[PDB]
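Presented below, as structure tokens, is a lone chain in the form deposited without adenosine-5'-diphosphate.
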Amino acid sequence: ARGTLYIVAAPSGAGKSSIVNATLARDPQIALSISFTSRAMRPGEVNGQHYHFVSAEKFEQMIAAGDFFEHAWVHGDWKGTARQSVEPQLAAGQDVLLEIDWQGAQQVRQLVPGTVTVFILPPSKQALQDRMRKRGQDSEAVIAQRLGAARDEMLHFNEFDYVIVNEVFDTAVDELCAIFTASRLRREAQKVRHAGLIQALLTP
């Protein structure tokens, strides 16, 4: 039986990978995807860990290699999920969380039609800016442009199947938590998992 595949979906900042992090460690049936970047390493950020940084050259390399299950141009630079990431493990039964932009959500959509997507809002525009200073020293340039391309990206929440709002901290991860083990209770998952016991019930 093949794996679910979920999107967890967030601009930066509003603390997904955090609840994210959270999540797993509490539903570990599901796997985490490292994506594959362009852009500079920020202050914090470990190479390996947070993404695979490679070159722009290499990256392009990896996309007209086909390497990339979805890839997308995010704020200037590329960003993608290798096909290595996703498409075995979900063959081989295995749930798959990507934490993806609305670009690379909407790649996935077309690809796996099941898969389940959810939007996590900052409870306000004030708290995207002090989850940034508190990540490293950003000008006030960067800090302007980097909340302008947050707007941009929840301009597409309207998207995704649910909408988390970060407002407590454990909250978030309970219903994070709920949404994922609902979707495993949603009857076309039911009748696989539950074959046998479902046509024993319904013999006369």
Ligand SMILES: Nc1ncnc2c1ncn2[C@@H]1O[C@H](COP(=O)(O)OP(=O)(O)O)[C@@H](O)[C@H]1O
Second form
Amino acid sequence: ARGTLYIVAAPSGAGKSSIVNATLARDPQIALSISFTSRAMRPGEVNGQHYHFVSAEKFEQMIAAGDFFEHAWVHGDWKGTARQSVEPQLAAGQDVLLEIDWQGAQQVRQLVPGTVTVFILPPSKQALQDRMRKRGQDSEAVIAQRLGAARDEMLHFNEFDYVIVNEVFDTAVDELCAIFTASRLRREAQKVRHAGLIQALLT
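Next up, the form deposited with adenosine-5'-diphosphate bound in place of the form deposited without adenosine-5'-diphosphate?
We keep it simple here and write out only the one chain, dropping partners and molecules.
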């Protein structure tokens, strides 16, 4: 039986990376996908861990070769999910979580129906920019650019099945765990999981 595809989206600084890492730590049957990008590395990022960093020319070569399940132009740079990160794992029964923008999520919904998509919101407009300040060493000029990019991302929240407002971190983790647990209890997933038991009960 094929694995389930999960998408968690949020503007940067809403805390999706930290919530997802705590959730997958608690729910290890979902594997995290490492995206490719052509944007430059930020301090604290490690190539091969947080992203597969490539040049813009290399990313575009990979586009032409069909290497990407989805890809999109995000904040002036390429971001993308390689086919090797999704299609083989889903066919092998591995659940996969993608952390992508709304453009990539729209492409994925067209390719894989049944994807479970979640959007994470900050608890206030001020809380968003406060979290950007605490995280990086970004100049106030960069922070202003990211906030404008954050509103652009949040304008597409309505495309997602679930919405989490990340006020209390531990609560947001519980709530994402609840969504992942609930998705395994959906009728069609349980029919596969318990085909023999159900066959026995109804005969």
